[PDB]
Amino acid sequence: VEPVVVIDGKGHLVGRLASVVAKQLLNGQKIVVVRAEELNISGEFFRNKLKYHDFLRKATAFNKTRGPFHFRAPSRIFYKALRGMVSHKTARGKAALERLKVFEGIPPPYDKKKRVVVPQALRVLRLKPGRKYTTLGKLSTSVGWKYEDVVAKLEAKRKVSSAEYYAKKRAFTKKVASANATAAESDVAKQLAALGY
Amino acid sequence: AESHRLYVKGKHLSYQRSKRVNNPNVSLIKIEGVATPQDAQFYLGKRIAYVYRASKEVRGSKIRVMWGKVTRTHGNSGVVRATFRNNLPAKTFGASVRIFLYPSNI
Amino acid sequence: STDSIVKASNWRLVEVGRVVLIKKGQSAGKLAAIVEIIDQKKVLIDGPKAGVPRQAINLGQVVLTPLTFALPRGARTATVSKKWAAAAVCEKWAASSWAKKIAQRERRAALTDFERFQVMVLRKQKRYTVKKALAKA
Amino acid sequence: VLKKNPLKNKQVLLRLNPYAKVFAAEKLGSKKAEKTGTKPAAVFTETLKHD
Amino acid sequence: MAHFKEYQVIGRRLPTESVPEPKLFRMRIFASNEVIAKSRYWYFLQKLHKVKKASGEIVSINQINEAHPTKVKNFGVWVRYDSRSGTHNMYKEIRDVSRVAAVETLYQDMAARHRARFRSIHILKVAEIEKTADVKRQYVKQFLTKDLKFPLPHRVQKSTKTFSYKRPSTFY
Amino acid sequence: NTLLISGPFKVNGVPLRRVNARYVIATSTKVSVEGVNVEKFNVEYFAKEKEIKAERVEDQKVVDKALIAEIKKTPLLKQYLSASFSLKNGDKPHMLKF
RNA sequence: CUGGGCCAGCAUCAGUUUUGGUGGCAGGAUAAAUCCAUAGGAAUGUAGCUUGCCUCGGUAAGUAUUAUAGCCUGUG
RNA sequence: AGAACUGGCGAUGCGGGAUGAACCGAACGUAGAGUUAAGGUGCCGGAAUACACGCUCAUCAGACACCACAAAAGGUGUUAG
RNA sequence: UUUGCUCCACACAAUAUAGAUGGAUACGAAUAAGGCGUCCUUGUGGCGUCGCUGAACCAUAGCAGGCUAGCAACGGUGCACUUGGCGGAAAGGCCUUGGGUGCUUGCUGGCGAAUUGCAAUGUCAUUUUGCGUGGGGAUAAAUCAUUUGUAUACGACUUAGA
Ligand SMILES: [Mg+2]
Ligand SMILES: [Mg+2]
Ligand SMILES: [Mg+2]
Ligand SMILES: [Mg+2]
Ligand SMILES: [Mg+2]
Ligand SMILES: [Mg+2]
Ligand SMILES: [Mg+2]
Ligand SMILES: [Mg+2]
Ligand SMILES: [Mg+2]
Ligand SMILES: [Mg+2]
Ligand SMILES: [Mg+2]
Ligand SMILES: [Mg+2]
Ligand SMILES: [Mg+2]
Ligand SMILES: [Mg+2]
Ligand SMILES: [Mg+2]
Ligand SMILES: [Mg+2]
Ligand SMILES: [Mg+2]
Ligand SMILES: [Mg+2]
Ligand SMILES: [Mg+2]
Ligand SMILES: [Mg+2]
Ligand SMILES: [Mg+2]
Ligand SMILES: [Mg+2]
Ligand SMILES: [Mg+2]
Ligand SMILES: [Mg+2]
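Residue numbers (the entry's author numbering), protein chains in the order written: chain m6, 3 to 199; chain o3, 2 to 107; chain m4, 2 to 138; chain l4, 312 to 362; chain n0, 1 to 172; chain l6, 61 to 109, 128 to 176.
None of these hints come from the bench; they were simulated from the model.
Any given hint could turn out to be false.
With a straight-line cut-off of 20 Å between C-alpha atoms, the simulated PhoX-like cross-links for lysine-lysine are [claimed, not checked]:
id, chain 1, residue 1, chain 2, residue 2
1, n0, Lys146, m6, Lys116
2, n0, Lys71, n0, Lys146
3, m6, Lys12, n0, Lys146
Anything over 10 Å on all C-beta distances counts as not near chain l6; from chain m4, calculated [to be verified]:
id, residue
4, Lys25
5, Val64
6, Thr66
7, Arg77
8, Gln119
9, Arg128
Every residue, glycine too, gets a C-beta built ideally from N, C-alpha and C.
Start from the sequences, fold in the hints, and give me the full structure.
Below is the structure:
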């Protein structure tokens, strides 16, 4: 329905979000995921730190080079959960995966474009209150990721900018309302009202 | 008239298939806007088109069409089934497709 | 400040006479009253005026409105109708942005093609006179 | 050459069994029952509602 | 065994010239259709009297519709059931509108907690606890207080479409 | 089996024409057709027997001017006829009244 | 240029089928309820009344079974 | 290792059990349309991120017959009795 | 080495395309809480309102959108210019100033359409790549060989030579 759908992956659950995205691609919807480092995972931090360490201990014995590749960034962790749910070894698989981009923080083309959420993957909606969980970016520097502070820094900087953007916009829509008012209660108004508009 | 479209937007998802065997002879279409089988009943029988480009010109045209109609509903969520005169190319899974408002009973 | 400040979430409570909007089923979209509480997940509702039959209903397929009228617990259908009427609950429902939007939604969905056309035009008509306003100050 | 099923196509429905014409005509695929005020004895309801 | 109906089942021994008119026996039976009802009537009868159905007949089978099916009730339920290692008797209460309603949560509740499938459970007696404060199991007494009212924190509206252009609120 | 269509020509350029019911959405607006002759038009009228007959052209005006006469008694109907129909983003045919 | 050959759309049907709308009947505790009449009762006790508390607004305990809410159970 | 009755594999593909002689379903001319079995329906993957009541939080949870194991003994975890 | 080479315009013949067909419409944060409005002591502040979904908002009428005459606005919008600024996470984009120009369905008129015959067949998107013109532009290096030995099985590496 849109050409590209941008997902603020904040507060989402890794594999559920993963799941919807893998289907969205296979059906030909271009997707970019952003803020991949504020992605959630159910279960307390230690468990997932432990779970990851399992993943780590797996490597081709005679040549660790060809072994399973342990990507440590949140984007890449998240991209793992996704690839797992796509038949990536086929052309159809590759094609699907080429419709996908994942980022940590929200880099420049997207920083000024609307993002959406995916309610059936929203942690706050799905998880039962009280149930413990894990933050991805924090999982990642835990197991080696190098750019948690660099992203937070560029994010705080984006957040200033984006909020003055919003302050100004909110101030403009104020105007159009106080422009409108005049015609809010007009005769055409009433006629539109008769039609649900 | 920025809009000129007299059709509903579709995607080509799959051939009909079990876990390990596909039937090329039926295509599973996903009609945009259709959540439930009850809806998808509207479009049954209505003609579909897949429209692709080529290199060799034919009817003075580099654009071609594969035609067929929506034939029965699929599953619980508005996916619907379709047969075409020929059989869609499978490279087209996830391609766009077009579902027209005729044959009509409106 | 020098007061103690405590904002407390102000939920719609399930309580006899809580009036509820029915979400799913044959009595969808209709209002009923909560008459008695079966358990933490289930209540007794009755919707006399709107034609929804006194029944046990799972709380999940209902959404609490912010309305509440006075009702004795477990009151037969009749006195609900008496009480509900007395309180003018329909009247207060209709007055809400919630009740109004539902109406709008249905109105919109009722429009002829020709009517959609007409909205477009008048909307163009209003637009023009707005943009200028949006430029005189 | 071709099996026709009287449960559709009235023609073969009437080929077999002519009485269908009248059956239909007199409705009686409905047909109201009579009417009787015979109420059930006391012991019948006692036991029914018994513990 | 599912959406429950309650049945009266009335049956007797087959008449003998020596005993024309044998005594009639009745059970209340909860089953989903009447075949299972009749079948249950024998199951139990066989364990109480010395009789199998090949030597008896079923006289009547009538559904017992709840008398006041919109009055909320507190139910006493006595049960005999089989665990993996013993068999036991068990009282519990259920607040609901009908007997048929109650029995169904009874049957689910036994599976949830003591992992007892339908087959391994005998329903001893079921009964409307007349005078409140004859209710003993707290998890029903809890609902009996004057002007009982409570909220339903953390609303989770299900979604119709997979993308949402707004961050949801859980506010009821 | 076809349907006689008229446009009308002076409103949206479409002539007195044949059309199959099965490729048409029947809207819920209607114009009175009481003043309109129409009984001369049949199959053989359209019969394949380029240039355009003067009959076709003159018949057009005859039928049209009456319809246009009736159309004008109702506002924005005349415009509505000249506009083309196109589905928009967010139109679901299986819902729309027309 | 017309016939053929092939393809296609519509219409009326035949066979198989899938999916909707709608009419009339039958049964049961001749459903059970709601509803109505009436007898009787209670409390998670409605109004009065009683006594301390009050901001003389109201309130608490206690009395009190329809009253200035209502509910339950029986029969019809 | 060795007998009893029967059904199988061997001689036999098909659908399910990821996989697999033997389980489950079902046996086979060339095909169209329908419906199902056993088994499934978050994504890989065709099919409800369906409905309903509970239960469970594991710094070693658990997740389906044949089947790819776990026991005595313990726990003021938590549930019902 | 004789052909050249580079940027921008618009011009043909190929060639390709995981799939345009009104718009990807920018706070952050919490969810046992929040958005918006408004005032203030600019705060864990006071009042008012909203949700119960985007079933929104915006845009959309004109030969696939023609020709033609006017009123009312002083607006909308497209284009090529122009004044200021901001954007380095991949900023390659964003706001802003001044006219110019086409369109304007805000409104009122005059024309056009057929016969493509009752659906087939219909708007042409953007990649590369070669050739064509008219203008602006720029006027080198790497390898072989020879040589060094901080290098070396051979390739490779490292030096040097107008
Ligand atoms: Mg998770
Ligand atoms: Mg594979
Ligand atoms: Mg299929
Ligand atoms: Mg709240
Ligand atoms: Mg026109
Ligand atoms: Mg037929
Ligand atoms: Mg009464
Ligand atoms: Mg076998
Ligand atoms: Mg052999
Ligand atoms: Mg076999
Ligand atoms: Mg297995
Ligand atoms: Mg996989
Ligand atoms: Mg699927
Ligand atoms: Mg989910
Ligand atoms: Mg076992
Ligand atoms: Mg224990
Ligand atoms: Mg507020
Ligand atoms: Mg919010
Ligand atoms: Mg405040
Ligand atoms: Mg909006
Ligand atoms: Mg043209
Ligand atoms: Mg990028
Ligand atoms: Mg066609
Ligand atoms: Mg050396």
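Structure-based check of each hint:
1. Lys146 (chain n0) with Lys116 (chain m6): 51 Å, violated
2. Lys71 (chain n0) with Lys146 (chain n0): 17 Å, holds
3. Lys12 (chain m6) with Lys146 (chain n0): Outside the cut-off at roughly 45 Å; violated.
4. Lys25: 19 Å, holds
5. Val64: 24 Å, holds
6. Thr66: 27 Å, holds
7. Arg77: Fine: 41 Å to the nearest Cβ keeps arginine 77 (chain m4) off the interface.
8. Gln119: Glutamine 119 (chain m4) not clear of chain l6: closest Cβ-Cβ about 6 Å, inside 10 Å.
9. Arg128: Nearest chain l6 Cβ is 17 Å from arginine 128 (chain m4), so the label holds.
Against the hints set out earlier in the document, violations occur for numbers 1, 3 and 8.
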